[PDB]
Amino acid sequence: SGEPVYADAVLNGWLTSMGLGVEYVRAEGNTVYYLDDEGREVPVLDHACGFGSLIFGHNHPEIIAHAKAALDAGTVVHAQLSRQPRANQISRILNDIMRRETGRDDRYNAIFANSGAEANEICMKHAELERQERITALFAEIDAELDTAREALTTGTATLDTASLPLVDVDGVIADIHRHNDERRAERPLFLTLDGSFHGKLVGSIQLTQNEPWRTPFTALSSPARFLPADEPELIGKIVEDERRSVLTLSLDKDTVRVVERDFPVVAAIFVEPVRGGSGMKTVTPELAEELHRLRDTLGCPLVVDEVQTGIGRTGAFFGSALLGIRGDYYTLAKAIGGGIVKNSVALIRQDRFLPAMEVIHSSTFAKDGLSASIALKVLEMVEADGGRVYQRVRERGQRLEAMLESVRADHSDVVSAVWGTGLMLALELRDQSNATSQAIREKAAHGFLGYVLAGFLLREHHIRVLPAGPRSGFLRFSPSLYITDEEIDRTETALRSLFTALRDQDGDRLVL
């Protein structure tokens, strides 16, 4: 060590002890290259692929060429507050795709951004615009209910029923209700998410992300989420019912005036991933989808469908939600839309709910830039080409890779519990090894580092790049490009059988450095 270090020291220390301390110098297709002791390029097969950003692989020639052309044409990258038709054009296409895949003829407005978290946060913000609109309306009614009950109570007709007063003379009861209601109005809203949810790591979005050491230090900053148990959905109704909050009004009935509770909108939005990355690639079950629908219908807030990972074809359709029958009101996309080379994202918000203020009170310096716009159109061209046969490829490559994984599970069920996911978004679940015979394995599994250690084995002994997913690296992710070959899938089967035979043997010398 010794010498000054200006970034990544801790991160690199850790990567090294996991066996993952390598620098990749070049990438193409499903292959990334590092330099060995002697200085030649060793090819490594990439199953992580930007955590699912690279449906078309690293540095796809068609995307590279288009990008260089865009650069040579003098594309206007920074043209803020001018007419940028390409944003309308991208949205037209995603709209047409959504209609095709859902049957539904709904229209969405598009707001662009620079990352998944930014796009989800545009959704969070627009959700909260809708709640403020509901809130204003209810408080307007309450005012008129009060004025009415006061004129009945003063002029003569009615008498205040005093048994209602545990909830708080006229003016004093009125002002106490306004005091109560204003306190309630200013309380932060709640967001609903699923357990294992991963929606981004910014100040707002991190609260929507379950992972405990990532989120808990920041609890005090921003509105919280309630993390619904996705596997036991019959439980979700009661948990949301617990969260009801009411405000107060005065209610006239001829001659009796009563203080009464009225429902207050606490919940700003519900968020769901069609396939749940922080949970180990579990797809949302039909039962769960129908509970989310009920919740959205019931509370009158938007269902936000987060397709940062599941979208642009990964699941065997453009939208994973369409595949799995999830009918959201807002949608977000990112990752693969930058083509593997630039940074872009988008929030699609239904036009019958969309509030025009948002188009001019939200904005960003880099958002909607011409270059990533141009690259977005190219990606959508590619994924849609030839009668939508790119999706068919994804399906059949996905089937092939899942069958291999399922075949590996069947012979190694002692260390592998499940295969999860769909299309080319798959994972193996590892059985717990916190109770393991090998000292060195047990200690890593106890630290939540098992998956990373196994990944290091796969790197150094088989030249395959896998990365773990899930809360204690308890899952191994497999999300390669659509061009993944049978030979590469066979090489991965060989590698995995090797890995899980060593893990069966509890061979800690060999697994842990």
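For clarity, a rigid core is taken as the largest C-alpha set superposing within 1.5 Å between two forms. Residue numbers count along the first chain shown, from 1. Compared with the form deposited in another entry:
- Among the candidates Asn344, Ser279, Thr315, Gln309, the CA atom that moves 2 angstroms or more between the two forms after core superposition belongs to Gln309 alone.
- Relative to the superposed rigid core, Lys254 undergoes a CA displacement of at least 2 Å between the two forms.
- Once both forms are fitted on their rigid core, the CA atom of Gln80 lies less than 2 Å apart between the two forms.
- After superposition on the rigid core, the Cα atom of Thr365 is displaced by less than 2 Å between the two forms.
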The other form holds:
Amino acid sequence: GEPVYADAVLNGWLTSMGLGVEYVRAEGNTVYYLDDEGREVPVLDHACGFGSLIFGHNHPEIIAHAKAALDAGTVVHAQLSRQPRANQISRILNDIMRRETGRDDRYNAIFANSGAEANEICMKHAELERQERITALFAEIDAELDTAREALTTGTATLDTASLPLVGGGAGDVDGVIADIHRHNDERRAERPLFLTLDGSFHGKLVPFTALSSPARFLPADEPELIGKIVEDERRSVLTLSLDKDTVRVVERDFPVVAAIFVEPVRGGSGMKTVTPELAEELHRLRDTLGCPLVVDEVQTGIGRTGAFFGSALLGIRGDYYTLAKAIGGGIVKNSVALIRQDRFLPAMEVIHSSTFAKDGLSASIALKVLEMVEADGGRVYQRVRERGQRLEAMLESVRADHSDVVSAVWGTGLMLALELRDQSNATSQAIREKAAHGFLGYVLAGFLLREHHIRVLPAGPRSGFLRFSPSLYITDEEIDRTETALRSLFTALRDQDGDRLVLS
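Counterpart to the form deposited in one PDB entry, namely the form deposited in another entry:
Just the single chain follows, nothing else.
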């Protein structure tokens, strides 16, 4: 019971999973810990900052660039001055998306410190768009009411009394029905925006903390045919008086309820599942139907990792807004960006977002270096990601084939891959069964891989039911062979229900 100042519960839980190690150095695909003699033990890193390290730990070019930037006296803090590097970064991202989608679309960039903050920038801009739509709708309703009033206070038109139940609340005189319409409409306008998201994703603030964020409706990614009815149930109306020749009727007008649709091209939280063509088509339909933006959240993938810069370009997701974070800090610094199609972009938004660290000089310099590296030699790097990915996936598919009793599937694309583990909650071995019941099986399997094979793997998905494989593009054939050996060993032990060997006492 000695004083602790951080991580006592984290460190105790890591120790029980077999993941209580301290890494003291890292280079490429290798992290090192110290044995009891204090020698560096190399460990192969398949987590790689959850796919941030597409160039690996501490890439010599990124390290040399960061030191050159510091040696130049780069202005890190230049808030409310001209920083041309923001526009240079955005120009490159615009050119890359134009090439990958074949669409001549232009995007404004707003920079931030984390994936969640870039996603939050999109929630704010989306809510300013919804408010512009509400303003336009309410101006039109105001004009419709004044035309209807001027006709009902002269010869011009009948107020059709059969229309009055749509307001419901006494009044039968003109000024009274209109007062009740204003009140009904003011209530709808007071309601919080709705965000549409997919089961297995979170987007910054969007998901015991429901009460901290805007309402979200979670849609089933696996059943795009169910999505239509779910969203149809969120329809709401405001009221107006419509003059049709000689007749005023009270009518329903659709209200902008939904501020935005969020989608990740690859859902880490679903075990590295990619958006299907069917789902992409349903989100396109939703976006076209609601008039809200489709926000494509790529902050959790890592630029280039799917085999294209934009996973969305690869999967044909036609977004209005895009977010990036992972890999743009070169595995040393923190940067994120919201890209908002210029024909939707509200100029006000450029001077709304206020963050001290955002758009800093150091991470801007590092981002321009990363974009040079990822674009070098006519896009060879994307070719390498695709070739390394095919090799890694073939190995995982080969392990799945011989171990289908405990591995259900291979998921993902490029160098963003996972194995799905079959449920072990009915396991023979008490120690395995108990860990599976608490949702920790993936963590204990990862512990085995560390202690017996010196391989760093971390789980993904609900109840640690998947193993992530997201190494750098420098992963060697030999490193993939050692991983295969480690997984055959792991899945044999799990097949044989060896709880003594897999779960630490």
